[PDB]
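A single chain, nothing else alongside it, follows as structure tokens in the form solved without the partner chain.
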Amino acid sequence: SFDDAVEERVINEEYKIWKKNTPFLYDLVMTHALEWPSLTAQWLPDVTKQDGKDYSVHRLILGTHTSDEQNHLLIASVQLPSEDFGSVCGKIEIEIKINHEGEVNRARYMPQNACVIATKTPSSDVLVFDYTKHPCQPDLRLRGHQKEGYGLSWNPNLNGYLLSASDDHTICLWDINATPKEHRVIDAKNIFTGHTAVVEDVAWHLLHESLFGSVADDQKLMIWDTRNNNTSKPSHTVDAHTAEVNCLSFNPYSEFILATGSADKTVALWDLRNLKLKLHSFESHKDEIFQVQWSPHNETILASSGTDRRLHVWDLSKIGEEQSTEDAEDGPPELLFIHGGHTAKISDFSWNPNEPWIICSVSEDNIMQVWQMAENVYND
């Protein structure tokens, strides 16, 4: 159609421009086309090195989206710059592969033992694998609910405790260590309802093992306390957004600050000490927002991605500082950087935990990008 065509046209012309400015806007930009689109992406904690090599190796947990052929759980190794047949391999390879029944919606490793990877299937089961066992039939099948989902959150502080969101208006909680397994199957320690609609995302508080937050299409943010008795009584409910809320992430350097992304094209800043007053609303995205992640290195900065094909990076510290018109355009002072290297909807992204400022983002066209904005943008 005409609109599709016009759209596709602007996307290319803009991309054209982007690529030309690459050396000016970035310090690192790596593009790579997977054989299949990945809906998930998360960096693994470890870093591998060799003496004499000008690079270190990092790894990502990716997935495949084949609405046909066989799907797999992937582990990709990426070579990253250091302080400075039989030929040298490419900077990106797929070290591990694991047959997975259906697309991989999410895939997160367990903080306590990253050999453990939890998965979100297009089914209603939640799978668990140990990529030390398959070196495929999951090592654990988590019962819990009737619908598909994406929300997935491992609890630090409590080995094994996993949370999940679902299109069936509920949240499940399991103890992966679950005594017995009755045929690789662990039922569900608790099911939190309290949500009028589809639950988009879920996330554990980072310090208090009994707290966690949920987010759903009912336009609300709910804070829960595992200790409470009513599996329908969220200890708190917040009218967070105009549209449906798609995610929430806790600030790594705080025990109160939180963030949420909505279809209302907005990212809301929240403080647990007073969920009655929204601290701020980051605006600029032109379509739905599905991912929001805080920098693992700076308490003041977070990023968001969505359907508008843009990855935004914000800086709380610049909220409110005055800016010069015709500069006061392009966006508010809180918008530190805009990543326009993706040519399709960004499905998910992850901040590298060892290399401050490196981000990996997977797009729907099955493109993967490892990038780092130019130092000057966040320095001087």
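Rigid core (definition): largest C-alpha set, two forms, superposition within 1.5 Å. Numbering follows the first chain given and starts at 1. What changes on going to the form solved in complex with the partner chain:
Per-residue Cα shift between the two forms after core alignment stays below 2 Å for all of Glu283, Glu95, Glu255, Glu182 except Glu182.
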Contents of the next structure:
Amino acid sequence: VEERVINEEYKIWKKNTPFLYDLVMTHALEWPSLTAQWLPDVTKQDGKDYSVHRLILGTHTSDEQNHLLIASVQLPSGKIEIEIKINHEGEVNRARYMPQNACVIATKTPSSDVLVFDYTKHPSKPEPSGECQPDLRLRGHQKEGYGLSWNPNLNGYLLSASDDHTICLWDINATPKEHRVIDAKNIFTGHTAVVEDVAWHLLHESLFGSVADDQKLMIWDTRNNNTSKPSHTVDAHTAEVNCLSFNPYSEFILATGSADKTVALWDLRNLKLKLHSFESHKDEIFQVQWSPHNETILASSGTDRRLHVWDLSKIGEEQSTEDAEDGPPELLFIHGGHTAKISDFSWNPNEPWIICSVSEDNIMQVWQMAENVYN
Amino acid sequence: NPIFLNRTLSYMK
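Mind sharing the form solved in complex with the partner chain? What's above is the form solved without the partner chain.
Next comes the full complex, and the chain you just saw is listed first.
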């Protein structure tokens, strides 16, 4: 069975953790989380050798009450605990904090609804009512999705991707109508299949990208008046495109992750030519994240239960026959800590090389590869 | 499907 091979390979991983990691923490959550994002704040403790970092998590339970979660993590300047539980209707598909106000968190639900929460407007412990009380309900979609991106340059601008083939755009600062409701400012109808992900450009407030099951990458400009035709249509992959992410240091670079088992690299100055293709055997990629500290570093996760960390600067490098046996030199590190599909991961923005990854079997891991692997 | 890269083990470096 696959479960016997997984338990055995986990024990081999577990025993080798002192030789691969400088930091590795494992925590079993009450429910699996489909989402993971570090909050930007760090609370320094007076006289203690640790600092307190926070994570946005969610639950995925079908019989019981779901929650949006704020977890605390003690990291060196080892306890992980839930600080805040907020009732959520259905599982939290994705939860992301507003870059201009980290108290504001948007969530994707297993319904048409896109919700906005201000966690400071809620108690730490939820009421036994079972009622989901978001501060805003964003209208525009017909179906659920996962794709969610806040505009880092234009305060309150949020993009969402849906199974209904559309991309919605909201301005959450707009005057709400009826019951805390905001209608979509625009709906982008370029794709002819389920939209898997959306991402704003990190420097140009009017530019964003989208990826879908139609195997395309679309580049959009909100300054254009036609919301059915993107600026560019890129024939990015040979299968469904599940994710995309813009490089936080280069204003021209972005990555796409796909069901065709690859991560593609793109330059906005030359979209007709794919810069590079990172390949990993029998791994349908669902998440790609650039390092917030190092321009050439990005990580990916798919269905193979591993987390791959890539280094762009090592492409086309000479390798010893021994090293070459582990794979291409651009494959910097493999994290084999999980025993189920990784649902999401997030780079710690305050402590370089620290990552939080969450899997389908309810495990959350906080880890950092050995300083040695990258230096 | 490797668990880790043998080149990333501290004792192999």
